[PDB]
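Participant: Listed below, chain by chain, are the residues.
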Amino acid sequence: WXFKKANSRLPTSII
Amino acid sequence: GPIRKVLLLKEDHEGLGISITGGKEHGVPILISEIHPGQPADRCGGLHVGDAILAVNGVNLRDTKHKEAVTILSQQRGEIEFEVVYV
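Sequences listed follow chains C and A, in order.
For the first sequence, the entry's author numbering begins at 1 and goes up steadily by one.
For the second sequence, the entry's author numbering begins at 284 and goes up steadily by one.
The hints are simulated quantities; they were obtained by calculation from the structure and are not laboratory data.
Quick reminder that beta carbons are idealized off the backbone N, C-alpha and C, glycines included.
Certain hints may be false.
Said to hold, decoys possible - Taking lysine-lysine pairs in the DSS-like style, the calculated list, with each CA pair at most 30 Å apart, reads:
{"no.": "1", "chain 1": "A", "residue 1": "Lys350", "chain 2": "A", "residue 2": "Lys293"}
{"no.": "2", "chain 1": "A", "residue 1": "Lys348", "chain 2": "C", "residue 2": "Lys4"}
{"no.": "3", "chain 1": "A", "residue 1": "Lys307", "chain 2": "C", "residue 2": "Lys4"}
{"no.": "4", "chain 1": "A", "residue 1": "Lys350", "chain 2": "C", "residue 2": "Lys5"}
{"no.": "5", "chain 1": "A", "residue 1": "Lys348", "chain 2": "A", "residue 2": "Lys288"}
{"no.": "6", "chain 1": "A", "residue 1": "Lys350", "chain 2": "C", "residue 2": "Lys4"}
{"no.": "7", "chain 1": "A", "residue 1": "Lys348", "chain 2": "A", "residue 2": "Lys307"}
{"no.": "8", "chain 1": "A", "residue 1": "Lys288", "chain 2": "A", "residue 2": "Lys307"}
{"no.": "9", "chain 1": "A", "residue 1": "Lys350", "chain 2": "A", "residue 2": "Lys288"}
{"no.": "10", "chain 1": "A", "residue 1": "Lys348", "chain 2": "C", "residue 2": "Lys5"}
{"no.": "11", "chain 1": "A", "residue 1": "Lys293", "chain 2": "A", "residue 2": "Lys307"}
{"no.": "12", "chain 1": "A", "residue 1": "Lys307", "chain 2": "A", "residue 2": "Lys350"}
{"no.": "13", "chain 1": "C", "residue 1": "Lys5", "chain 2": "A", "residue 2": "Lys288"}
{"no.": "14", "chain 1": "A", "residue 1": "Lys307", "chain 2": "C", "residue 2": "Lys5"}
{"no.": "15", "chain 1": "A", "residue 1": "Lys293", "chain 2": "A", "residue 2": "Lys348"}
{"no.": "16", "chain 1": "A", "residue 1": "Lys288", "chain 2": "C", "residue 2": "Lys4"}
To be verified - Computed list of chain A residues with no C-beta within reach of chain C, every gap over 10 Å:
{"no.": "17", "residue": "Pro285"}
{"no.": "18", "residue": "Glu317"}
{"no.": "19", "residue": "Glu366"}
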């Protein structure tokens with residue numbers, strides 16, 4: 001739900 | 284929700300099967316953005332997209348930059364405990 005800063009387009013890694 | 288501790292079993296040829304985002308330099312926790320089907324994270328059935336990884340095997344990741352956290356996570360072997368909370 002809604003707007004969480006942790007949902008914003010940020011650098012990502014696949015491990 | 285509440286903190287959960289979840290055990291993941293990773294075989295030596297496998298990765299964890301997660302995409303992770305976030306980190307100290309972004310002012311957000313280390314977060315699970317994807318759970319890859321069939322890989323260890325998926326198989327444990329206790330982890331969700333949107334979970335913050337607070338610690339892994341007792342390594343506190345609440346105040347660590349992205350790359351460092353990814354490095355620590357990728358060094359873990361065998362039966363790995365994740366301390367998580369849903370954000």
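Participant: Checking one constraint from the list: CA of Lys5 of chain C to CA of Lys288 of chain A, max 30 Å. Satisfied?
Facilitator: 24 Å, holds
Participant: Evaluate the condition: distance from the CB of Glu366 of chain A to the nearest CB of chain C exceeds 10 Å.
Facilitator: 16 Å, holds
Participant: Between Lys307 of chain A and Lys350 of chain A, does the CA-CA distance stay at or below 30 Å?
Facilitator: The hint holds at about 10 Å.
Participant: Would you check the hint for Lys348 of chain A and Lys5 of chain C, treating anything up to 30 Å between C-alpha atoms as holding?
Facilitator: Holds, because 16 Å separates the two Cα atoms, which is no more than 30 Å.
Participant: Hinted pair, alpha-carbon criterion (30 Å max): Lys288 of chain A, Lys307 of chain A. Please report holds or violated.
Facilitator: 22 Å, holds
Participant: Is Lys307 of chain A within 30 Å of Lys4 of chain C, Cα to Cα?
Facilitator: Holds: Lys307 of chain A and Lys4 of chain C sit about 16 Å apart, inside 30 Å.
Participant: Can you confirm whether the C-alpha distance between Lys348 of chain A and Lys288 of chain A stays at or below 30 Å?
Facilitator: 22 Å, holds
Participant: Tell me if the straight-line CA distance from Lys293 of chain A to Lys307 of chain A falls inside 30 Å.
Facilitator: Holds - the C-alpha atoms of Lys307 of chain A and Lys293 of chain A are around 26 Å apart, at most 30 Å.
Participant: Measure nothing beyond the straight line between the CA atoms of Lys350 of chain A and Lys288 of chain A; if it is 30 Å or shorter, mark the hint as holding.
Facilitator: Status holds; Cα separation ~23 Å.
Participant: Far enough from chain C: is every CB of that chain over 10 Å from the CB of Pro285 of chain A?
Facilitator: Correct as stated: the minimum Cβ-Cβ distance to chain C is 18 Å, above 10 Å.
Participant: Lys350 of chain A and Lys4 of chain C: Cα distance at most 30 Å?
Facilitator: Holds, at roughly 22 Å.
Participant: Please confirm whether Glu317 of chain A is truly not at the interface, meaning its C-beta sits more than 10 Å away from all C-beta atoms of chain C.
Facilitator: Not fine: 8 Å to the nearest Cβ puts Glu317 of chain A too close to chain C.
Going through the hint list in order, the structure does not satisfy hint 18, though it satisfies all others.
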